[PDB]
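Peer 1: One-letter residues, chain by chain:
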Amino acid sequence: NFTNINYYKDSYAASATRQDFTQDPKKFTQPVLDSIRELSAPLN
Amino acid sequence: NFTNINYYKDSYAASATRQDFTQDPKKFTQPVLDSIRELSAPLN
Amino acid sequence: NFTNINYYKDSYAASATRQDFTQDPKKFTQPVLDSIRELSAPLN
Amino acid sequence: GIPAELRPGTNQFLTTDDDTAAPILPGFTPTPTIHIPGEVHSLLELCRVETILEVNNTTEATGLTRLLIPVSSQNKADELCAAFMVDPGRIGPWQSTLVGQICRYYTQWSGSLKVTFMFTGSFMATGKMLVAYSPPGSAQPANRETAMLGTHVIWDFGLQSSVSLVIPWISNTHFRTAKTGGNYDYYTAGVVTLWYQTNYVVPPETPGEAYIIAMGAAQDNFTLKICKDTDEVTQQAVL
Amino acid sequence: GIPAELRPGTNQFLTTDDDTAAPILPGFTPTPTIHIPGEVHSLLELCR
Amino acid sequence: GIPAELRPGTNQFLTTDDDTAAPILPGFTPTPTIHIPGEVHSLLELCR
Amino acid sequence: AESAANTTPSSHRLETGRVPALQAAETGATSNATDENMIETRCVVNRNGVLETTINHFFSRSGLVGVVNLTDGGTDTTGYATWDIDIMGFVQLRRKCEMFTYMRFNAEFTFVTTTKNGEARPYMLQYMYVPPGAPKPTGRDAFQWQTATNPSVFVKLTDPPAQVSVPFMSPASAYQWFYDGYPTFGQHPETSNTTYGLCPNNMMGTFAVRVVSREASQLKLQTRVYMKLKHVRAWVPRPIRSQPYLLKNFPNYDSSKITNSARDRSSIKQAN
Amino acid sequence: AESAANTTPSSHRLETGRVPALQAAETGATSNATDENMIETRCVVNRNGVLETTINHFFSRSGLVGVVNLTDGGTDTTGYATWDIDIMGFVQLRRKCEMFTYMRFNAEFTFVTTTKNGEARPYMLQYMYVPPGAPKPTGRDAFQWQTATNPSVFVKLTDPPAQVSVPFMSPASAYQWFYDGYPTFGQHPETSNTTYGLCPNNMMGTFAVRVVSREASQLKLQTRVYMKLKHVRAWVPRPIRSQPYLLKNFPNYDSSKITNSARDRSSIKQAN
Amino acid sequence: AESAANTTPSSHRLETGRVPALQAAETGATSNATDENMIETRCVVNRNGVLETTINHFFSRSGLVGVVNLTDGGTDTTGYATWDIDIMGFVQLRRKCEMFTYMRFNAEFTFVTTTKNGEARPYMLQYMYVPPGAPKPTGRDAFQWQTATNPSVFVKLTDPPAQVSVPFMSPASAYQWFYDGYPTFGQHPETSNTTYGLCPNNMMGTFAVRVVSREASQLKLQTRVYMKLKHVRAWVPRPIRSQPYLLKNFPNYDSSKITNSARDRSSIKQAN
Amino acid sequence: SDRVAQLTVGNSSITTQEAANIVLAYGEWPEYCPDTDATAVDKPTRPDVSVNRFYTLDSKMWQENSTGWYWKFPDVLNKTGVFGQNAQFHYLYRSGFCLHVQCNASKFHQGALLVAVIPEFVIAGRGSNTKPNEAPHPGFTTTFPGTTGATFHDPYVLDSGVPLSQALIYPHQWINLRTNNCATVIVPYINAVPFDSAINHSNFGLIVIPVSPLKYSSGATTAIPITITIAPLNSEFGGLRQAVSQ
Ligand SMILES: CCCCCCCCCCCCC/C=C/[C@H](O)[C@H](N)CO
Ligand SMILES: CCCCCCCCCCCCC/C=C/[C@H](O)[C@H](N)CO
Ligand SMILES: CCCCCCCCCCCCC/C=C/[C@H](O)[C@H](N)CO
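Residue numbers (our numbering), protein chains in the order written: chain D, 3 to 46; chain C, 3 to 46; chain R, 3 to 46; chain E, 14 to 252; chain Y, 333 to 380; chain X, 333 to 380; chain Z, 16 to 287; chain L, 16 to 287; chain G, 16 to 287; chain U, 45 to 290.
Calculated from the structure, these hints are not laboratory results.
A portion of the hints provided could be inaccurate.
Pairs of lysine to any residue residues, derived as SDA-like cross-links and limited to a Cα-Cα distance of at most 25 angstroms, are as follows [stated by the list, open to error]: (1) U/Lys175 to L/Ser271; (2) U/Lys175 to L/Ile273; (3) L/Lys131 to Z/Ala231; (4) D/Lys28 to U/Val93; (5) L/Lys171 to G/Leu79; (6) C/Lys11 to E/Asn24; (7) R/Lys29 to X/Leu375; (8) D/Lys29 to E/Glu52; (9) U/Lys259 to U/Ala194; (10) C/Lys28 to Z/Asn71; (11) C/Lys11 to D/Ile7; (12) G/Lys111 to X/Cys379; (13) L/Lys284 to E/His165; (14) G/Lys235 to L/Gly88; (15) D/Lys11 to R/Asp36; (16) U/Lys175 to L/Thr209.
Computed beta-carbon distance windows for the label pairs [unchecked claim]: (17) G/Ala187 to R/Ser13: 18 to 24 angstroms; (18) L/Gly148 to G/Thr49: 26 to 32 angstroms; (19) E/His48 to G/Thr49: 27 to 33 angstroms.
By construction, the Cβ of each residue, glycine as well, lies at the ideal position given by its N, Cα and C atoms.
Given the sequences, and given the hints that come with them, work out the whole structure.
Peer 2: Encoded structure:
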């Protein structure tokens, strides 16, 4: 099982590299400045 | 003699893996709670 | 990524070798004996 | 030279195939990257964003008044408000959300969903509403004393004007197919019914007709698998 | 590239042949396994 | 021998392709190099 | 254990109390009386192997699964040729697989395509797998043949037969060939229960195939499906069917005209 | 994270002050109310994978991109067949790619060429990529077909389909499918703004193809372009289009005859 | 250096004595005035690559070199088809190579052979390289085609194009495209100096080709030579020719009918 | 201490009584261009007090049969003040923006507004013609409305073929007349190029669409204006030359 081997001098001619599991969801779900707590009223 | 080498990232596309010699026959032959001895009467 | 491997005894039958980044431009741009400074009059 | 041998699968072009291709420009450096805000990495970052459900998708409605749930003052003590299915890959209100289209690109989904209601009436208008989720089984409940046996939340109209009914994962198997039609009713999810808890009371010199905007998203245990083509576009005009 | 050569047995389909095949779904995880009682491993467990 | 398989791009002649070719004169030594003034290495030495 | 079993040297016994040949069968257990507790045996070092009798070496056979016809006419043409993926169409692999209740395995589908008269002309075919829920292609020039977000194989007739590997994709934890229940709720009739035994956990989509060309190709192809099981695990062993099969998704048999499990003899007091 | 999310065991609460189900939607944020702050849940160790939902596994599909006709007649002949490289010609990959604002990726272009009636005769073709600024070949015997300082691929029809890899070559840092501006300065009219939305950062040259022979070849070929995205990065996610496409470089829709995003129901107080 | 050049932050100067913008051009040197000794610049970290502009990446292109016709008739037949190895037959690679005085490189000759109407029939060809001094083959059945102590390539028309590697074999230390002299001694005439500029250090033998058969083959083939330079070193850069070529071994141009290096304008006081 | 806020940029201030939390678009603050991502060589100018301030546009009366309004933000401040003058003389431009939309009413009015930003908000022509010469295209006053603004014809499809329902992925905020009377969004510079002309390219655009219609009883006020204030935060300009209008 080895698909990280390239056959050319150029790097864009390879296959899919190591997968990245990064998942930042808070930049779309809570784009607010005051961090709203989980157990609180959002407005006071 | 090497057939344990896979050529893809997926694991189901390989060949037959190392053979397992496990043989539990007592779960079908003697499915009883009181272990019947070999030299004894099965009922008393 | 390996293209430095040759397949014959002769050396001219290989591919492009390691690239040379040498750039001497002063043998065409300033082919003069008295080194003209950057902040000075070229003739006095 | 090397004694090689060919095997089945030779000279075929599989579309879903990771393999190195021959580069056409040798020794080429691309344009350097800059910082662009709003980078995506997975498709679950879009599923966790609420999106306006289309609950009033019936006839006799125009385009803009199609996303609103009408709320009035009923004379009888208990009446039924808007109701809709939970299945996101099914023809209905979920077709108008982003989570529904993303679940339409795939064929099997799992995890809990979230439906978020929002009252957009007057400040002086009060009232309580019952949002009840029911697991699969029989058809839509007829009355409230039957629908209140499932998963329900009492929501009152206060300073905060939004409630968020969570829809738990009460499936027998791990994944549900988005097909859910005819003989595929094995993978149904249930019915969310909005009932009138007390009433919609309104003071004088105040309009007695409000609206509720329904939103929907996905929780963190939301999972997708097996990519396929969508069924929102079947033909196309020559461009 | 590599000076290979073909040998008899090429382009045949033997039914009793252990060989890696091309996967059609890339990056696919199956349904997790549970405990089911009465698992068989060989055909001599039924002969006894 | 080795179970190889062919892939798209076979039997094509790409002009911009770095690959080893078969030599026609085996064991051949060329004429030795001398010092010639005015050697170029890149095309930016002429642009300046 | 790489060998079967060795035999211990035995001798005769002259004593009361030990009865190894009186194993009761009413208890539901199997008699565990060996040869050493009986007629005098010897010391044998058995080195007969047990590797071939395992499940992975027993289910590693391809067998015929499906036969798909593709006429591709000029006046009564259809273009495509779909095939519901099921194993119950041919009784050999069905009889070999219905001796267990729950199974879990992978597949090595292989497609052998021939012409009517038999001839390998260089015609390129397109084998498409339609998962359950995806729309089926209707026509040789349909929109679904684009195979975007859909796996497909392009191969010719002069090429070797195609062969792909298929993972375990049932929504349950294992397959099942016997489902003692109903797929949905409701009132079930007494006249014709045509939905009894149906398991939605086995519908593995549809398999389609066409001829990649522009106008037409007056040729009647005939594809054969060969599925090799691998990485197989079985549970709850079930007896082997002794009656001839009659339907695909139903284990129906003949009420009259019954087939005995053993052929008839001359007399009971006769071995031959 | 290789799995989705685990569930914490919960219980009931009888106390004032804590309101997790009153998340305000006027703030523009998404409700963060979990199941543990609600109906009593259990401890579930979820091991469902999230690898398939990533962007590199979502854009790793080829799909149809371009269809190029080559007649190569005898009296009304042209010889060549150019094709402007653009992705907006077929609405499947266009709909899959226009859900983002800025993208950056590589390509794996593949060329499947067939005849009119469908037949693989050993005719060698020449696939030429003309970068933006280079002269286009005019004729099957032109000067530009020498392919000096120009990449080209020589392949036959009986050979497997050609496949090359293409790097990121836009002069900007990323591609864009929506350009809210004008390509040049000047006074812009009110009647027909035919240059609005045009992005010069996407013109990737022209693709040409001819038949390598001397006299002629009376055959009408039809090439198909399949582009597999790889190493893709996307920014600023955009909603998916709900209206049918009408033009290639313009997102025009029908003013009248509007398509609703959801189909109609019998009544609002009815789930089915 | 893997990048081009970085820029130093600059500012304004108010002082006498330092004049960086008065670089004299009468000295024969190039003005070395940078931007930092002028209008106020900023700090830029340039990472643009210079790898593509090197000589080995500039001469790594094949291009067309020679076109050899082979009729192989029945009554006006010749059998063989020789081709003097020279690069001056086509002006593209000639213009790319005559911008230097002395070069030294290797070759990657490739032979693409097609028929008159264009067709790959399985006919085996024999490509022979005749070094300078060896006898040329005279006939399709000559004695020289034995290729003893002579390199040759046997290939068919249905096979991929042949490709061999050629070393540096000039008796001098480098090639030259401009020879300011005469090849031999003696009195040189005033009427027609047809031997002026001739360099014996460039005659790389002759290339011959025939059809390997017994009787004949009524087919008119047409071979094309593609030479890829590699391991190239150049000296004494020369300006690029601005006049159209007229002969192969002579840089003759038109005395009348001169081509200006730049096209004409409307006026000098006008940019467009 | 969350419903009150005073934003101060330059010599302007915005006080509030009924406010939700401020929205930061994509979690990124608008800053200056770093040397790694920049590409121009000339030094850019940064007034930081003369162009970074709250500019107030006109007010639009929110009626009952209203569809909605939209704007091209690098093109609205193209002629108003020191910012517009400084943007006409320069070729390059890069800045973020701070927004504030005012809409107040009594406790007897009901309604809701959806204010959001869309990067590269392309206006689509409306028609069913596919011929190149008669295919409808929006005019210059429709693509770039200027300081005045433009109205929607089909606000259900955002005048672009994309449904309004799915437009919640953008940086958005709601104005519910029973909860708040203002909405605030802080958006950074979002583009695939470091600098860009602020004349022939609008980066994003605001849109305000009343989802719930305005309703009130006979006797209350009837004029409900829609006011918008914009602060061009962290502005940069490069390529000084003659001033061009459009
Ligand atoms: C690219 C073409 C591939 C053709 C094969 C289709 C791939 C899917 C095959 C799934 C394997 C299922 C094996 C048997 C499943 C169920 O038990 C049967 N349908 C019921 O007998
Ligand atoms: C040797 C033949 C190669 C054929 C392929 C041409 C190579 C150049 C392809 C560049 C890849 C561009 C992908 C899309 C670019 C722009 O976004 C589209 N033109 C606009 O939709
Ligand atoms: C087996 C057939 C091989 C065919 C190629 C012949 C091999 C010898 C090639 C020598 C390479 C010479 C390249 C150019 C040499 C001189 O500069 C030119 N004749 C003058 O322009």
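Peer 1: What are the numbers of the hints that this structure violates, sorted from low to high?
Peer 2: Hints 4 and 15 not satisfied by this model.
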